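Single chain ahead, written as structure tokens, the form deposited without its partner chain.
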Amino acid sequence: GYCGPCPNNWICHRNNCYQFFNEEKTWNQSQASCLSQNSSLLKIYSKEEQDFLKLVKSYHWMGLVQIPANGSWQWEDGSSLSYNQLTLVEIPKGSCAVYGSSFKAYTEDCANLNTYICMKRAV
């Protein structure tokens, strides 16, 4: 069958759309860049349905952030981080997270410059 719809030249899988950007930006600028293209930073909503992402090397900003008050990690769509989605390595002080392959994420200072991955959840 066909996969989509998706922005031109984006990778499509189960109707989810992904694109990898190597221009480095802060977490906020990365999220903004994704939003300007009608998407959001990468969200791992299901390891089973996003299996190939385990093969993505290096580190990239994803849509996982820390809440100021309670300090609870949640995705940009407001949903909360679940145990079965990925293994988050909480390294001191950082309030944003980079995806680091193998369904593992690492906390970092949001002002750090990183490449990033945008995703459009299917409808």
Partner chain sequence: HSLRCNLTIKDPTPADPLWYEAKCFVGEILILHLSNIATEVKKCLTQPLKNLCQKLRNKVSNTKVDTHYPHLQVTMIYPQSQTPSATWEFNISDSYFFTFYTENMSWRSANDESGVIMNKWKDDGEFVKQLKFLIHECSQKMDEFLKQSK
Contents of the next structure:
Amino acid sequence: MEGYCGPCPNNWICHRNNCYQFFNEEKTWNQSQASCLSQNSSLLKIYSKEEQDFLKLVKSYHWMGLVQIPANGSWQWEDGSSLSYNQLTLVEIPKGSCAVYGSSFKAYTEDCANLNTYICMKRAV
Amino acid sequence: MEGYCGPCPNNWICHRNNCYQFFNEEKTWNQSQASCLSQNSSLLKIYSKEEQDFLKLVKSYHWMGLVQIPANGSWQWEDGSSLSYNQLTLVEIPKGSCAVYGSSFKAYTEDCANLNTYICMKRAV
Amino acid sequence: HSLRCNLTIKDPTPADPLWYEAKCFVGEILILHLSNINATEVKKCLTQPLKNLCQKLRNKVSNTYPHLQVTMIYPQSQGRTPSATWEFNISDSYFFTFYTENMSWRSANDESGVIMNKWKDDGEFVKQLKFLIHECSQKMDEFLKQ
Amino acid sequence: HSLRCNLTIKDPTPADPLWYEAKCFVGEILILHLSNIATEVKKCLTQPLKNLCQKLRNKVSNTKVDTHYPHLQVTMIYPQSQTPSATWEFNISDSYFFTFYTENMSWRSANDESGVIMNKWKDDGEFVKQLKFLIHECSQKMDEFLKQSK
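Same protein, different condition: the form deposited without its partner chain was shown, now please give the form solved in complex with its partner chain.
So here's everything in the complex, that chain up top.
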């Protein structure tokens, strides 16, 4: 729609028809994923630094949709697509199979049971 | 529930029909204001913490639309409306008649001649 | 010795507009110097995280006038999981320490403990102290090897 | 609604040593409470109201009453300006009543007996200035706060 961004849920942040919401409730990774799902979305995925540039400015730490396969240490998004080196820099801390977004397209591995704020996203269709 | 956010300039961030853009070029306060004006906008104004909640997460320092009248020490927005302590906490440094936004609804006074990144905003109509 | 970073956060004045300064040493050798006024890999790793931390500390101090000194001490890891000590001094009045290894705290007295408890409620702040170490541990180790 | 400040001046006793009380409301919300025993508007109003209560005490001390619990009640009513003006209502011991309007610096008494006291009170230039001046000093911050309420 010319000059407009959406459709998005009410009060969500919109950029290039991607919808974001920054939730201040502290939840486990699993509870955060369930919250996003209940609102027809998923946890934050970084698909493009260029297209999601403003997210470089988001401070603090928030659950995002990045999960580990401990068997060989690889990481992928909830949707099954692989983590790409040009999407974000992952700072690995020996214990933890989930990751928080931490500004500047960096993520930090974190125990999935930890309580964090979280970011949901609906990708533009 | 799902609606559209705008009208906004292309690629700008939209929330409640307010339009934001984050500019990474370093400019004086005056040059930053001129850049926003040339794009039919003004520098960032905080009118409501509640309605602009996500801006608490914006890291670093950016010129915003808050200016001093040294004669009486008062601070106003570009549009002439007064600074409200319910909008924003201003940390005053003896010398400086402009202010940078510094996350968490806090601003710091700075010399207007300093180079900073800046944030433009078009308020919803 | 260890890698040591000394941070100062203060109110700028007309006589000195500096509000933060960061000086990282290894023994006597100064290896990184930052401030709002005006070894390559480790300098690169540390720079933005320290600037970001100083900005956070400024906001914390604003909600606490006060002068703040912070000392970070990072020993070479060896085979151990990388750890550091963060020492805080607010206006030569309140003192407390954070240990990243087990995310534990110690205050000099109950008055310091009150402020410490307020500060550590800030989950972002505590993460920044821990995360800086894991982000730069390898490059700090590498340099300390040199 | 408006911003309303209710001031009470009374004699202290062993049971209650309070001689003044000030309660400022916006609708139902209590915004400021002062006695001898919202941050920016509370800050603006506090010393001027305390200073006014001291002056009112002196005025009460010099007033000739005739009724069958002496007490002065003063109500200030400030609407959002959207030139800033207020109404000051005075009630001396439920016996004498008069009102000052800052907008045009005008007065109204409920009756001639109230008018006599009113005329004596308004001869005090300092007193009248305090009523007008308080409004100008805090008008902007009162407006700003009333905007929050919306």
